[PDB]
Amino acid sequence: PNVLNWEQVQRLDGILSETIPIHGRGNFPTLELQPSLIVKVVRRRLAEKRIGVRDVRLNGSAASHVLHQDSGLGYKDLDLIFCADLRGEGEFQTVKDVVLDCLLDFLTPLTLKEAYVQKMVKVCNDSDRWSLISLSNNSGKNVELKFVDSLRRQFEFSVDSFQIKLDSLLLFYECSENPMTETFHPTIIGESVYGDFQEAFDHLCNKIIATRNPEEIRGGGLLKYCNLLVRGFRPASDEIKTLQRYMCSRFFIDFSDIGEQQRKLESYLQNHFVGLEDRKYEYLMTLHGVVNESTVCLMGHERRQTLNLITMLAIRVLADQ
Amino acid sequence: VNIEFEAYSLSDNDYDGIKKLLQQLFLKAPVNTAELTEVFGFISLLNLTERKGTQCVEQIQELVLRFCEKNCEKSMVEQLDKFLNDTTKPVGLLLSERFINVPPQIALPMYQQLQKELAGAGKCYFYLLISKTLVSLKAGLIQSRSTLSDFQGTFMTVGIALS
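Heads up: the sequence lines are chains A and B, in that order. Letter by letter, the first sequence follows residues 63 to 169, 179 to 392 in the authors' numbering. Letter by letter, the second sequence follows residues 57 to 93, 123 to 206, 214 to 225, 293 to 322 in the authors' numbering.
Treat the hints with care, since some could be wrong.
[Unchecked claim] Below 35 Å or equal to it, Euclidean Cα-Cα: the simulated DSBU-like pairs (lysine-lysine) are:
#1 A:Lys217 - B:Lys224
#2 A:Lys335 - B:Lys84
#3 B:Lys167 - A:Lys158
#4 A:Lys278 - B:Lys75
#5 B:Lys297 - A:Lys184
#6 A:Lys102 - B:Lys174
#7 A:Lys335 - B:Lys297
#8 A:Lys158 - B:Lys155
#9 A:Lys212 - B:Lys137
#10 B:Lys224 - A:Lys335
#11 B:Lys224 - A:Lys278
#12 B:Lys174 - A:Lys217
#13 B:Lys167 - B:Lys84
#14 B:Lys137 - A:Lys335
#15 A:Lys312 - B:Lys159
#16 A:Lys102 - B:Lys224
#17 B:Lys167 - A:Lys184
#18 A:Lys138 - B:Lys159
#19 A:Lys295 - B:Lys84
#20 B:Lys201 - A:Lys158
[To be verified] Take a look, some chain A residues computed to stay more than 10 Å from chain B by CB distance:
#21 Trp68
#22 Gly88
#23 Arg105
#24 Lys111
#25 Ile113
#26 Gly114
#27 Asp167
#28 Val188
#29 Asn196
#30 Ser247
#31 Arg350
[Said to hold, decoys possible] Selected chain B positions facing chain A (Cβ under 10 Å, derived; list incomplete):
#32 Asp72
#33 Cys157
#34 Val294
Think of the hints as simulated: they come from the structure by calculation, not from any bench. For each residue, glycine too, the CB sits at the ideal point set by N, CA and C.
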């Protein structure tokens with residue numbers, strides 16, 4: 063059911079026991095940190111400070127890797143969620159101090184912070200009361216410790232909407248000898264944001280896209296959709312016309328100017344495409360395909376000037392071998 | 057409503073680009089001469134009235150969420166120009182209307198008490221600060304205790320530019 067099988071469990075242990083580089087900027091001593099070690103000690107020092115953790119989860123490219131290695135979503139980002147009950151203004155400070163009391167062990180909080188920390192964002196608004204710490208790595212591999220009390224709905228694809236509760240596995244780590252075999256394997260529960268975990272995993276199996284909360288479609292939603300489309304995730308949706316109309320509309324609303332478009336495509340080509348080459352040019356033509364075929368409210372001159380911005384960039388990719 | 061942002065993985069060119077972007081706003085600001093008794126940025130007292138208040142928080146939180154992308158270190162300065170220096174943007178207008186660059190003797194006290202509010206544990217303050225010692296683009300919008308009740312007023316953006 064929701065309970066992970068063995069091979070999934072072994073892969074989960076994989077990306078969480080295999081170390082990550084904490085590259086050195088300013089203070090140069092790099093740090094080989096095993097994700098399991100940080101997840102444990104963070105949860106521990108948090109519960110020790112009487113904060114009250116509900117669940118520690120895993121999200122995105124990683125959980126979609128442990129469930130089904132076949133799908134294109136490659137484990138290149140470790141997204142860790144710490145579902146908890148943080149309400150006091152000081153609760154976020156001691157969460158900060160816990161993560162920094164943890165990264166000194168593996169080697179003053181302010182200095183370690185200014186060295187290896189990429190981002191520290193805390194949002195206390197109408198529905199979002201979450202905190203985030205992104206540890207830096209020169210290889211672009213990104214680790215995100217997200218401590219989320221309450222979080223608004225978001226535009227979610229099926230195959231990206233996966234969350235696996237690491238708590239049953241954490242127990243096996245504090246026992247001296249990790250007591251893990253095919254027979255003694257922690258029952259780990261996988262879950263989905265998009266909806267029924269049975270539905271969502273099936274989508275992951277046979278390369279289908281499907282959405283929920285299209286009300287919260289973001290500007291760049293069209294871009295990420297073609298990334299699924301370029302990764303063989305064909306939308307079986309025959310409601311794809313509306314969806315494509317839905318995301319194209321918001322892309323040109325949020326990025327009305329042509330120069331503002333070029334900057335977004337230049338960045339998405341640069342960052343969101345790593346270790347990919349024909350994929351870049353393929354991506355540009357499938358975006359072209361979606362725009363020319365599906366959009367339905369771009370002005371005449373706007374349509375051409377956008378489509379021709381894609382073709383120029385595809386020339387740049389071709390011209391670079 | 058707190059929203060606090062800290063980014064330290066910034067390039068030296070990104071520091072200079074935001075410094076220049078910030079100092080163009082300083083040119084648009086009248087200086088306080090003969091009226092009174123590395124960090125670069127501004128501190129703006131933002132009364133949370135349902136109009137100008139809510140619109141600004143809309144824009145500030147939207148940019149912060151826009152900065153939570155996987156890397157976005159390049160698109161930072163482009164987004165900052167079109168954010169703090171643009172038109173029909175409740176924030177850029179706030180930075181164009183009542184902006185005052187102040188001398189060191191006044192500005193240091195503000196950066197000091199601001200730092201203490203963000204670290205210790214009223215008036216709503218919207219700030220953006222770049223510091224090099293180590294780049295530290297720190298911005299946010301935090302409910303706190305008075306930092307410059309003496310000279311600052313509602314929707315008045317104080318400029319902190321020191322060495």
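Each hint, compared with the structure:
1. The suggested pairing of A:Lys217 with B:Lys224 holds, with an alpha-carbon distance near 27 Å, which does not exceed 35 Å.
2. Note on A:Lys335 and B:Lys84: the hinted pairing holds, with a Cα-Cα distance of about 29 Å set against a maximum of 35 Å.
3. For the suggested pair B:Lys167 and A:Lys158, the alpha carbons sit about 31 Å apart, so the restraint of at most 35 Å is met.
4. A distance of roughly 47 Å separates the Cα atoms of A:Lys278 and B:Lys75; the hinted pair therefore is violated under the 35 Å criterion.
5. Taking the CA atoms of B:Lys297 and A:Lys184, the gap is about 13 Å. The hint holds against a cut of 35 Å.
6. At roughly 44 Å between alpha-carbon atoms, A:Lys102 and B:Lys174 are farther apart than 35 Å, so this suggested pair is violated.
7. A threshold of 35 Å between alpha carbons decides the hint, and for A:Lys335 with B:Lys297 the separation of about 24 Å falls inside it, so the pair holds.
8. In summary, the hint linking A:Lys158 to B:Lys155 is supported, as the alpha carbons are separated by about 20 Å, within the 35 Å threshold.
9. As the CA atoms of A:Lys212 and B:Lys137 are separated by approximately 40 Å, the hinted pair breaks the 35 Å bound.
10. Note on B:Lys224 and A:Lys335: the hinted pairing holds, with a Cα-Cα distance of about 28 Å set against a maximum of 35 Å.
11. Between B:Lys224 and A:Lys278 the alpha-carbon distance is near 47 Å, which puts this suggested pair outside the 35 Å criterion.
12. A distance of roughly 30 Å separates the Cα atoms of B:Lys174 and A:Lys217; the hinted pair therefore holds under the 35 Å criterion.
13. At most 35 Å may separate the alpha-carbon atoms for a hinted pair to count; B:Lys167 and B:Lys84 meet this at roughly 16 Å.
14. Proposed proximity of B:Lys137 and A:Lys335 is supported: the alpha carbons are some 29 Å apart, at most 35 Å.
15. This hinted pair checks out: A:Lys312 and B:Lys159 have alpha carbons roughly 33 Å apart, not beyond 35 Å.
16. About 34 Å separates the Cα atoms of A:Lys102 and B:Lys224, which keeps this hinted pair within 35 Å; it holds.
17. Distance hint between B:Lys167 and A:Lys184 is fulfilled; the C-alpha atoms sit about 29 Å from each other, no more than 35 Å.
18. Restraint check: the Cα-Cα separation between A:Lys138 and B:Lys159 comes to about 20 Å, which is no more than 35 Å; the hinted pair holds.
19. With a C-alpha separation of about 39 Å, the suggested pair A:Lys295 and B:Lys84 falls outside the 35 Å cut-off, and the hint is violated.
20. Restraint check for B:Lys201 and A:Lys158: satisfied, since their Cα atoms lie roughly 16 Å apart, inside the 35 Å limit.
21. A:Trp68, annotated as away from the interface, keeps every beta carbon of chain B farther than 10 Å; the closest lies near 31 Å.
22. Taking the minimum C-beta to C-beta distance to chain B, about 5 Å, the non-interface status of A:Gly88 is violated against the 10 Å cut.
23. With a minimum CB-CB distance of about 23 Å to chain B, A:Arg105 clears the 10 Å threshold, and the non-interface call stands.
24. Distance check for A:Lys111 against chain B: the nearest CB is about 15 Å away, which clears 10 Å, and the non-interface claim stands.
25. Separation of A:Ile113 from chain B is adequate, the least Cβ-Cβ distance of about 15 Å exceeding the 10 Å criterion.
26. Annotated as non-interface, A:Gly114 keeps its C-beta farther than 10 Å from every C-beta of chain B; the closest such distance is 19 Å.
27. For A:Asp167, the requirement that its beta carbon stay farther than 10 Å from each beta carbon of chain B is met, with the minimum near 21 Å.
28. The claim that A:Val188 is not at the interface with chain B is violated, since a C-beta of that chain comes within 10 Å of its own (minimum 5 Å).
29. Remark: the non-interface label on A:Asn196 conflicts with the geometry, its nearest Cβ contact in chain B lying 6 Å away (cut-off 10 Å).
30. At the 10 Å boundary, the C-beta of A:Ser247 stays outside the reach of chain B, the nearest C-beta of that chain being 37 Å off.
31. A:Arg350, annotated as away from the interface, keeps every beta carbon of chain B farther than 10 Å; the closest lies near 17 Å.
32. Taking 10 Å as the C-beta contact cut-off toward chain A, the hint placing B:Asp72 at the interface is violated, the least distance being around 17 Å.
33. Interface restraint check for B:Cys157: the shortest CB-CB distance to chain A comes to about 7 Å, inside 10 Å, so the restraint holds.
34. Because the closest C-beta pair between B:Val294 and chain A is about 9 Å apart, less than 10 Å, the hint holds.
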